[PDB]
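Given chain A, put chain B with the ligands in place with the hints provided.
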Amino acid sequence: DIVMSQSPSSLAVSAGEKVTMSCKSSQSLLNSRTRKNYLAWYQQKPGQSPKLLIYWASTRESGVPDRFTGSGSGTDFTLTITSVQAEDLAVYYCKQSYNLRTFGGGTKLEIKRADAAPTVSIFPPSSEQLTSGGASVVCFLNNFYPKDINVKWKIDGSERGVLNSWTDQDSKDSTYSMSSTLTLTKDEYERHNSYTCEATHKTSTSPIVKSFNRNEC
Amino acid sequence: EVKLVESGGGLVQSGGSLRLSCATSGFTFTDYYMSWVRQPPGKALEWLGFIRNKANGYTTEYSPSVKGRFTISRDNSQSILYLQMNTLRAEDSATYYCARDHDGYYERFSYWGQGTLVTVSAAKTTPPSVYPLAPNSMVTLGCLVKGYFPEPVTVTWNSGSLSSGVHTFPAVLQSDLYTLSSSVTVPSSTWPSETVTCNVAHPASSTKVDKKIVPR
Ligand SMILES: C=CCO[C@]1(C=O)C[C@@H](O[C@]2(C(=O)O)C[C@@H](O)[C@@H](O)[C@@H]([C@H](O)CO)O2)[C@@H](O)[C@@H]([C@H](O)CO)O1
Ligand SMILES: [Mg+2]
Ligand SMILES: [Mg+2]
Ligand SMILES: [Zn+2]
Numbered sequence: 001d002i003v004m005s006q007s008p009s010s011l012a013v014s015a016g017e018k019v020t021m022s023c024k025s026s027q028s029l030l031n032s033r034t035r036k037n038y039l040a041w042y043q044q045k046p047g048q049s050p051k052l053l054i055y056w057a058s059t060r061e062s063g064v065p066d067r068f069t070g071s072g073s074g075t076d077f078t079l080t081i082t083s084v085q086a087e088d089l090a091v092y093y094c095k096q097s098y099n100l101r102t103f104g105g106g107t108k109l110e111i112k113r114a115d116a117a118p119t120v121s122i123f124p125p126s127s128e129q130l131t132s133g134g135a136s137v138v139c140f141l142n143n144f145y146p147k148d149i150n151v152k153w154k155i156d157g158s159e160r161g162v163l164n165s166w167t168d169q170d171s172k173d174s175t176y177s178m179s180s181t182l183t184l185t186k187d188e189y190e191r192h193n194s195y196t197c198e199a200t201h202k203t204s205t206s207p208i209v210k211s212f213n214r215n216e217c
Numbered sequence: 001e002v003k004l005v006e007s008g009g010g011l012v013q014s015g016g017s018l019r020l021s022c023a024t025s026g027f028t029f030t031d032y033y034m035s036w037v038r039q040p041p042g043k044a045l046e047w048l049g050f051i052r053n054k055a056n057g058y059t060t061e062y063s064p065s066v067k068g069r070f071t072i073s074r075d076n077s078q079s080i081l082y083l084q085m086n087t088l089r090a091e092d093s094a095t096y097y098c099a100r101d102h103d104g105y106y107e108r109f110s111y112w113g114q115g116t117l118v119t120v121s122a123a124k125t126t127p128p129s130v131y132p133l134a135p136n137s138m139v140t141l142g143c144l145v146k147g148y149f150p151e152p153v154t155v156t157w158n159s160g161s162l163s164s165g166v167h168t169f170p171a172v173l174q175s176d177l178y179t180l181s182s183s184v185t186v187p188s189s190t191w192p193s194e195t196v197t198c199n200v201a202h203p204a205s206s207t208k209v210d211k212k213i214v215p216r
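Going down the list, the protein sequences come from chains A and B. The numbering used here puts the first residue of the first sequence at 1, with every later residue one more than the last. The numbering used here puts the first residue of the second sequence at 1, with every later residue one more than the last.
The shape of chain B in the complex, shown without the other chains:
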């Protein structure tokens, strides 16, 4: 199975530098060009650059938008792709994806990573507060994940075993902090008799929280 996994995203100040990585497996890495693409929240994809395959000498090309400022490189022993970013500004805040590119035949990006979020800001890292939301044949519970920076957070329920009936509401920025919420709806016959727990992570602050929803 082909795997592409980006890492290195996070909070950085205006003018600073950051290097992203993209670990790959499941294909002959040196056979392929690799691209970097970014996407500001709610905006279009933007191609940034590629590094060619072995047959083409692993040479690089860049969008005019970032040429001179961003550098792509690759480790052909470990099959890892890199993106070095310099003199970062607010406009560089975006999800960054690596994508498998050309192999000398096909014109396509066959595979994409899950993406890593970069936030360029002067604001400090603030961990979320996580609060339980407790109150038919059906019952709705939730978790309020309040007052964190930067994005993202992840929310699962019962370590992912409850995914059906889950709605996670996109974060909203108010007074320099994000807040999000997540609802889960289960048969009333199963709660509180069975446990329901939201699992929240905030990678920027390495925060890991399990909040059991307890009847009031």
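Bound-form chain A, shown alone:
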């Protein structure tokens, strides 16, 4: 059958630098009759459908930036991105069409940038939720780099129903954001006063602390 494999699984590269990724087929994709390699590259940015970049191994589709170049023949192919831009963040797939079609497993390209501290915001439960008997407290940690971050919840000063979610990297500023949601029952929420989220990120030995007090609402 035709097995398509890609390398690396993932990598990070700084804006302006060169990216190299590879694609291997288990059979030569070189059609002897047309003398072309039936190998295409697609880019899939976060939340989007795939987009055609390159076909016949090296033909760049109209509208595709010149920085993208496809090369190779037979069983081995390469997509090279010169002077990578923040917007190039994506999963890149190769696909053979020599015999039906088969996709490789993709290469995830992330962008490396300077460390950035998060901006942290805390939000108390809404009255429209509390009326229902639940109480979710939300902290947004926005626009930071690198991706690793620690969030602690403290209730009346002691550490504590947590849902954490990271955005994909931003296509403009190459930062991450994360949301942390602590959910309590209304009964439990009303037993305590101070609600704190504490973000520790490599950008500071000081955690970023945001709090509210139920009595102040």
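The hints are simulated quantities; they were obtained by calculation from the structure and are not laboratory data. We put the CB at the ideal spot given by N, CA and C, even for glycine. It is possible that part of the hints are untrue.
[Claimed, not checked] Straight-line C-alpha distance at most 30 angstroms; calculated DSBU-like pairs for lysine-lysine:
hint, chain 1, residue 1, chain 2, residue 2
1, B, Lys212, A, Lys210
2, A, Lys108, B, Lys212
3, B, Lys146, A, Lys172
4, A, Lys147, B, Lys43
5, A, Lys24, B, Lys208
6, B, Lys146, A, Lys186
7, A, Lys36, B, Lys67
8, B, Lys67, A, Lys51
9, A, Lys152, B, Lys146
10, B, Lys67, A, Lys210
11, A, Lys24, B, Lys43
12, B, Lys3, A, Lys51
13, A, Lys18, B, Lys43
14, A, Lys186, B, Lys212
15, A, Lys152, A, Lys112
16, B, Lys43, A, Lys172
17, A, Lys108, B, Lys43
[Said to hold, decoys possible] To give a feel for the contact side, a few chain B residues facing chain A, derived at Cβ under 8 angstroms:
hint, residue
18, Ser35
19, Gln114
20, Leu117
21, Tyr131
22, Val172
23, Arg216
Chain B with the ligands alone, transformed into the frame defined by chain A:
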């Protein structure tokens, strides 16, 4: 302009059937092969099958992975592509894309639809609860879209007029329900003096919500 638009995704039980459609325009439909491709959340693309063009008698081929279970067809009068799926299982949960394929010359999928999400599950449809998140030169507001099933939901702000400074956090499944959130950051001089509203939709439950963020 070429347009490809999938429809028919949603929740279905294990063992059930579902038919997807893909409406097209902006090109000579009968000239082209059309493919179906799927993608489980966070996983690779998987080619499923194609239907050939008029010159090749509109014949079909399928991946061994779905041959015998999935059927592709096309309406050449209206330029619509179909995918009939039978005996669905959890592994079939995925975004399904149609893609324009071969025209007898070029080897490429020139265009892809936005995709339609299929979820194979015994769980019932549950509409979200949508809650406002209200509290510098900048201020950050949000909406908590809690406790829904299946995916997806859509979130915009001020009907899409606020897109810059928006972060929508991918849904997370906990105890059989999804929850997501979305933040928006605007100049403090503009809120609460100007209105800020998150617009949330949950197609599975036909839910449409506009939640104005009001200062507390
Ligand atoms: C293998 C069958 C006969 O080859 C061709 C002759 O040109 C090409 C066929 O195109 C396909 C196909 O429909 O299977 C699709 C195309 O993307 C590519 O994969 C080629 C493959 O390189 C073999 O040529 O196959 C098709 O036109 C076919 C026709 O149906 C019968 O002659 O003819
Ligand atoms: Mg941001
Ligand atoms: Mg207490
Ligand atoms: Zn307690």
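Consistency of the hints with the structure:
1. B:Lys212 to A:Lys210: Roughly 24 angstroms between the alpha carbons, so the hint for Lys212 of chain B and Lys210 of chain A holds.
2. A:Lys108 to B:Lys212: violated (37 angstroms)
3. B:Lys146 to A:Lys172: holds (28 angstroms)
4. A:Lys147 to B:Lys43: holds (20 angstroms)
5. A:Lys24 to B:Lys208: violated (46 angstroms)
6. B:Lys146 to A:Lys186: holds (16 angstroms)
7. A:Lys36 to B:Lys67: holds (29 angstroms)
8. B:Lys67 to A:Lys51: holds (26 angstroms)
9. A:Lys152 to B:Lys146: holds (21 angstroms)
10. B:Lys67 to A:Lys210: With a Cα-Cα distance of about 55 angstroms, the restraint between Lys67 of chain B and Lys210 of chain A is violated, given a limit of 30 angstroms.
11. A:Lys24 to B:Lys43: Roughly 19 angstroms between the alpha carbons, so the hint for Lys24 of chain A and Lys43 of chain B holds.
12. B:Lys3 to A:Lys51: With a Cα-Cα distance of about 14 angstroms, the restraint between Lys3 of chain B and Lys51 of chain A holds, given a limit of 30 angstroms.
13. A:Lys18 to B:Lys43: holds (26 angstroms)
14. A:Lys186 to B:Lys212: holds (23 angstroms)
15. A:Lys152 to A:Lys112: Status holds; Cα separation ~26 angstroms.
16. B:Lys43 to A:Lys172: holds (24 angstroms)
17. A:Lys108 to B:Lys43: Cα-Cα ~11 angstroms, so holds.
18. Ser35: Status holds, d = 7 angstroms.
19. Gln114: With Cβ-Cβ at 6 angstroms, under 8 angstroms, it holds.
20. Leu117: violated (12 angstroms)
21. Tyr131: Since the shortest Cβ distance to chain A is 4 angstroms, the answer is holds.
22. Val172: Holds, about 5 angstroms.
23. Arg216: holds (7 angstroms)
Hints 2, 5, 10 and 20, counting from the list given before, are not met by this structure.
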